[PDB]
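First, one chain by itself in structure tokens, the form deposited without the ligand.
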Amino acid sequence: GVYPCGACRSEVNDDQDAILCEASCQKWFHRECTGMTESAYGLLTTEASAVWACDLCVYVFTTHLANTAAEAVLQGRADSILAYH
């Protein structure tokens, strides 16, 4: 990979789960370096109007809010993650 992870500073490859901090610094982060769940990562991927903001730094989600929102969506408590922005 060309980009290093904004948390662990090791390379991010395209076959790893990784998310871009579009809210602010435009660095890539390995999913597992952020604490993001698999479900938050999946639901963020497909929500065009959501952007993620990393721990160092349209609807903005931190990892914690995306994780909380995904748990609510999978339990039928929320229609989409946008309800938690």
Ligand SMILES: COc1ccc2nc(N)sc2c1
Given for the second form:
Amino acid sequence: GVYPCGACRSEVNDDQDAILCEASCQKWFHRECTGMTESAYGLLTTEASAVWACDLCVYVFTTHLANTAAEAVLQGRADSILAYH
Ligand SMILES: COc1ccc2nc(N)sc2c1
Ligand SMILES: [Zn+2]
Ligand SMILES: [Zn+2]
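Form deposited without the ligand done; form solved in complex with the ligand now:
Next comes the full complex, this chain leading.
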């Protein structure tokens, strides 16, 4: 991989789930280093309007917000994660 993970500092390879901090620092992170669920990653990364912000740093989601929003979506309590911005 070209980029190192914002959290653990090890390389991000193409076969690992990874998310870019587009809110600001523009660093790539392994999904598993952030604590983001597989569910949130799937929903966040497909949603063109949403961006992710790392713990140090168009609708912005932190990990915990993305996690909480996806749980609500999947329980049928919200229409998309954008509702949680
Ligand atoms: C290792 O330091 C970080 C920096 C940013 C960050 N963002 C997260 N969601 S976990 C995390 C950990
Ligand atoms: Zn990492
Ligand atoms: Zn950041």
